[PDB]
Amino acid sequence: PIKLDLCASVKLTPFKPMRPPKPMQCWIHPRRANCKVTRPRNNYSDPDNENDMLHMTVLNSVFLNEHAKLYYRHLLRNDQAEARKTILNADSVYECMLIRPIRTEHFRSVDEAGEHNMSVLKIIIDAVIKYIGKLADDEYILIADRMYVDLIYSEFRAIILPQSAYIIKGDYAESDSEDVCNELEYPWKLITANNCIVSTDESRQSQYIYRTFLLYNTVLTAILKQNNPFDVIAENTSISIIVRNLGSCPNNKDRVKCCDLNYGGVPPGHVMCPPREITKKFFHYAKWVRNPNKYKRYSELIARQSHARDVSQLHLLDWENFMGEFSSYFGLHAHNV
Amino acid sequence: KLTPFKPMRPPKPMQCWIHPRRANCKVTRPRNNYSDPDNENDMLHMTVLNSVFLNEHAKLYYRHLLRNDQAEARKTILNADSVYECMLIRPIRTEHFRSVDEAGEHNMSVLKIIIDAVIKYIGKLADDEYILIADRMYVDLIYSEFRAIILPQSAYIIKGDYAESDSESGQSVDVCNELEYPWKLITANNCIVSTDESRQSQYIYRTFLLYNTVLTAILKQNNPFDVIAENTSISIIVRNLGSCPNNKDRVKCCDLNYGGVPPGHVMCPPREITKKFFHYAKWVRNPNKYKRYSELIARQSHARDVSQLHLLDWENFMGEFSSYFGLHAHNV
Amino acid sequence: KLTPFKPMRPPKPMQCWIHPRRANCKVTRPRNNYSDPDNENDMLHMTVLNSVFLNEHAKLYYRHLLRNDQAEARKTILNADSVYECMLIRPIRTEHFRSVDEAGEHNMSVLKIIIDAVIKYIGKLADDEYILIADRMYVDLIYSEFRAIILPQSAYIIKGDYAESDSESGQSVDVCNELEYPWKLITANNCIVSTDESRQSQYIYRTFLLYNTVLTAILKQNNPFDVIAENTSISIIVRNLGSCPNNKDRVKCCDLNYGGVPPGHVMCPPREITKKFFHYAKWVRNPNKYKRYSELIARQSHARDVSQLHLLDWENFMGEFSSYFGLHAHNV
Amino acid sequence: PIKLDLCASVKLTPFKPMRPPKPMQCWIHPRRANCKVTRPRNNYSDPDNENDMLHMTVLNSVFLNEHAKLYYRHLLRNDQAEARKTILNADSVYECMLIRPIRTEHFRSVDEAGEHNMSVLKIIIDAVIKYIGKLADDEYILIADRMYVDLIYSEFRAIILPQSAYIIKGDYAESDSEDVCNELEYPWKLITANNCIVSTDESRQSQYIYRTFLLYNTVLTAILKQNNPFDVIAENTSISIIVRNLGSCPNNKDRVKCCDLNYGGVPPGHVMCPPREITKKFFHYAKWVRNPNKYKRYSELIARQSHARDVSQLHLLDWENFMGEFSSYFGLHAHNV
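Chains as they are written, first to last, in the UniProt record's numbering: chain W, 7 to 184, 190 to 317, 335 to 365; chain P, 17 to 317, 335 to 365; chain Z, 17 to 317, 335 to 365; chain A, 7 to 184, 190 to 317, 335 to 365.
The following block holds chain W by itself, in its conformation from the complex:
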């Protein structure tokens, strides 16, 4: 249903510039329809090309940028997938993945892994942390997909996946004014610029903590052989009820009852138990996904003050302590931070 602004708003049938694949399915992603995997009929003289794994992912076209370029690709760098390219078909969109796993390499979806092989787990955390490192401090991001990043992973690699996210370039005009929203060529800048917002300290902290929670949710998903309900961004779903069901950390009320979760291998204990109120505020920050443009309601949210300011600062510092102990738990380094 598309119309023009002339004296007759004509109904336009959404044109289909690409045969939509009828056999839509990915065995690595059985629960996902938009996820489709497939192995091409490579030149059969060469057994090597047999390994080439190809996965297309479906998604809306809004996720493309002003340049018609999909947002996660901006954060992509030194990618591991053998190749990638975008696919625009009307509102729908597709994103095919060329991969060539080595003679024995075998990827698999991060979801529901449970995997306790901290070597592979650390491979994935390195991939995701380096990827999100491409984010700028005054640039921020939300993930309308879920509260984590999808990916697959083999013993040799951890291939990232396309994400339903939205870039948002905030701008903190430092009092000492000595990347700008008006980066076009001067003529074009005369008309318009990025749909920027007002950056500030609190927004920086909010986005940083948000990406950190994304990291931790992905880590959970990796070490959860059961459902990791944290991903769920359902409108009806509320974190209040979520932690009411899950309860709080037995070892300390402050944190969540993540000690009792179901783990593919060794349970780590109350290690996976983050403070609760920080998670709550994180979910509130995440709710931004539905109205990204209205930034005043979510930009500083994780770092906002509910004295209330003292409690917010203290509990954010508690979450920072949690990140410190987490990094120590995996021998990590905050140079990415």
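Do not rely on the hints blindly, as some may be mistaken.
[Claimed, not checked] DSS-like, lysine-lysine: derived pairs with alpha carbons at most 27 Å apart:
#1 P:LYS268 / P:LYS236
#2 P:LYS75 / W:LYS91
#3 W:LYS22 / P:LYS22
#4 P:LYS291 / W:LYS75
#5 W:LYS200 / P:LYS22
#6 P:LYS140 / W:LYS22
#7 Z:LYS75 / A:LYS75
#8 A:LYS305 / A:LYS236
#9 Z:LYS200 / A:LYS22
[What the hints assert, rightly or not] Have a look at the derived ranges for each label pair, beta carbon to beta carbon:
#10 Z:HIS361 / A:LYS200: 23 to 33 Å
#11 P:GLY280 / Z:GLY280: 23 to 33 Å
#12 A:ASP212 / W:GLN237: 29 to 39 Å
What the hints contain is simulated information worked out from the structure, not anything from laboratory work. Using N, Cα and C, we set each Cβ at its ideal position, and we do this for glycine too.
Dock chains P, Z and A against chain W, hints included.
Relative to chain W, chains P, Z and A alone:
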């Protein structure tokens, strides 16, 4: 439901002295270093369209024909679904382009050059390729006393294919499988079947688009043959205007109002040709039902005589027009 | 969210040879007993508008002026929010009404009678009452060589009130408390404050609406002074047309295209008068902010000299027009 | 937000042709905002005029008919309210009620009455039954307000109230073709007619049973001193869960557990226990309110066949037996039927 996040400020000042009557035409000039008055002579028009006109490659469709660009710049930029073709311009001191809309242009030579530009623009369209306009039954543009600058056009491309007996001779590499070996192995471009008769339909279509554009240019009144709306019916418009006096098969455009001196009968195309033209045009509503109009104009629904003589009448109009402006008949 | 139930079949055939270019004008004739050819001479036009134009009494606003109806029938009927003014017509055998749109009318007398009809139609509007058009800067209608038939107009009425020292003399019964004793005791009509200066604004408004209508009638081209859209700005249109030669305070309508013989300068109203007219008109977007434009045209924002001389120039245009068509200056 | 179809779809501010009463409240209808009551400052020389009760009710404008005339008024006849008239203000609408209760008459809202004074109760049932009698057999109606009719009632009268309903004129073209959808004057009929539908036996039975259930729900509300949840037409609300909570009639599974309800005076017993599946099908029929035009989904619904046809017929006949015993319970007469 999700908010369609906007990655840029939507330009509110929808002001185009070239095209005020529209809701998407905005022209505006730079305010750069004035030591160079020519830099001030620069002009900058952005038009707001819909992203649906972006192909698989994320390419605005009419840009497939932006070849030998006489204008300065043409770049695409979008605010979510909204899209924006942004134009750089720089005429010489006395050169100033103007809207084709009801231009009333009397200068024969200016019309000649403009029509040459439009015909060459549309020429590169492939034989099995078919174009459909989505805003008006005439290509839109501007024109200065010296040169002409095409304007962005909202249209959809489509590729066709046939299986002629001699399916080998000539360049057959142009196929709707325009991906790279694995990616084509995954999916192929949307495509249809092309055959000579729909090609004649398309020829008639493009030529009458050219005719509509020239009418608009030389008209000191509106061009009723330029509206692609629904309630508009070629039947009612014909009833309004009627058969042309010296040739009733034609239409009474002789009485119309041109800024240039009225040539009279010269601008009077046939009747059933325009009928089938309009019915072919109303296809655009749902191109996916392509066959419902793929062949419409030249269909044999005897009727063989009727449609072939209709083609004869159309090509008679084509040749007499071309001669009327010195155009070679071989410019098709 | 509830479905806006439709109590009638929505008439799909939006066909009006009188007004094809619009999306709501449908005309059509009866197919009744043909033994009476005059019954066939009957014509039947329904226009589709929005129910918002129905008052408290559920009365279509412009119908307040459907007095001494020269047309046959005018009834209202709605399909939920959609509304439908349905017209009966029956000209004499050779009488046939036509669209005011770009009528190019040369016949002076026909124009005279049409303008008489329009002025009398608008005359009954009360002094403290103010009208606002919602579709165009000109009253819409049709006209036969003999008579004229107004067409439905989408406009909002509003009543005003003042507290002059002599708040007793004359007929003061007309108040915005137009309910019956208890029902008025419950609620009152929406109302505003009327004062002489906004009344002058309204006089200028209505008169320039009349001027736009006459231009449309005698124009063999469109009437750019008839569009109430947003991006349209009187500033840009003025820049396009410019100061009239024999009187630069006026506008260069002399060069415009009339189906009747161009009178030239005769149709050239002042400049700032049209400016303030347009700014007054753009009020209609949100009438509830009434004061933001209630006084606009005749505001004293010295400026006393400026606005009073603007009124003088406007009334000069009014009188010279009236004399140009024999109209008495007392027909205001 | 209103636009025209010309080359510029202009945003139009909804014009306000009437001061909306700021003190919006009815003491007889404390839970209803659209309900407002008020006593006018009558000529104080006459104590008689003091009794005059005036109640305006707010509602959407869609409820008006093609003639801009509100639907319940069509069913109104020999009305008891001292006077009535409609009030169009933009989309909003109002409906003022003039009443002159006699020197001692005292009206009151039917809701939450509990009243056991079968004399007054029978007054109300007579009012409602005679009112709904104005419905034609081939004409049908739905009540988007709720699953009943609002009203007030004094010892002397039972004043009806405006309803958010929608008239629907079906048409059963009897094979022996010897009120028509095309009732306009011939010219106008040449363009259009009523938005009719295809009547039939089953639709007649469905509408009849629907109005009967409306009667019974109103009677319940009258004899319920507590909430009568049956009125509720909430989208989230399902009759399945409703009767799951309420359970079925202890005296017979067939019916509903209406024996246990809360009654202003004497409980009547399992008398108020209707068959359940009939109520279910009634609620499904009622769901039509949201898309009245699409009649194929609801018109025959109460009388439709789920053998399944045998069960539907049998259980509808059981509901008819329930109406028979109900009428006997109040000495009524089916001449209205």
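Hints, verified against the model:
Among the hinted pairs, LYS268 of chain P with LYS236 of chain P is consistent with the structure: their alpha-carbon atoms are about 16 Å apart, no more than 27 Å. A C-alpha spacing of about 15 Å is found between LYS75 of chain P and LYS91 of chain W, which places the hinted pair at or below 27 Å, so the restraint holds. Our distance criterion of 27 Å between C-alpha atoms is met by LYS22 of chain W and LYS22 of chain P, whose separation comes to about 24 Å. For the hint linking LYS291 of chain P to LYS75 of chain W, the alpha-carbon distance of about 43 Å lies beyond 27 Å, and the restraint is violated.
Our distance criterion of 27 Å between C-alpha atoms is met by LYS200 of chain W and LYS22 of chain P, whose separation comes to about 16 Å. With a CA separation close to 23 Å, the supplied pair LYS140 of chain P and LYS22 of chain W stays within the 27 Å bound. For the given pair, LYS75 of chain Z sits about 12 Å from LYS75 of chain A by alpha-carbon distance, which is consistent with the 27 Å threshold. For the suggested pair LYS305 of chain A and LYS236 of chain A, the alpha carbons sit about 37 Å apart, so the restraint of at most 27 Å is broken.
Pair hint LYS200 of chain Z plus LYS22 of chain A holds up; C-alpha atoms about 16 Å apart against a cutoff of 27 Å. For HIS361 of chain Z paired with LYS200 of chain A, a C-beta distance near 45 Å fails the hint of 23 to 33 Å. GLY280 of chain P and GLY280 of chain Z have their C-beta atoms about 27 Å apart, which keeps the hinted 23 to 33 Å range intact. In this structure the hint that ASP212 of chain A and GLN237 of chain W lie 29 to 39 Å apart at CB is violated, the actual value being about 56 Å.
The earlier numbered hints that this structure contradicts are 4, 8, 10, 12.
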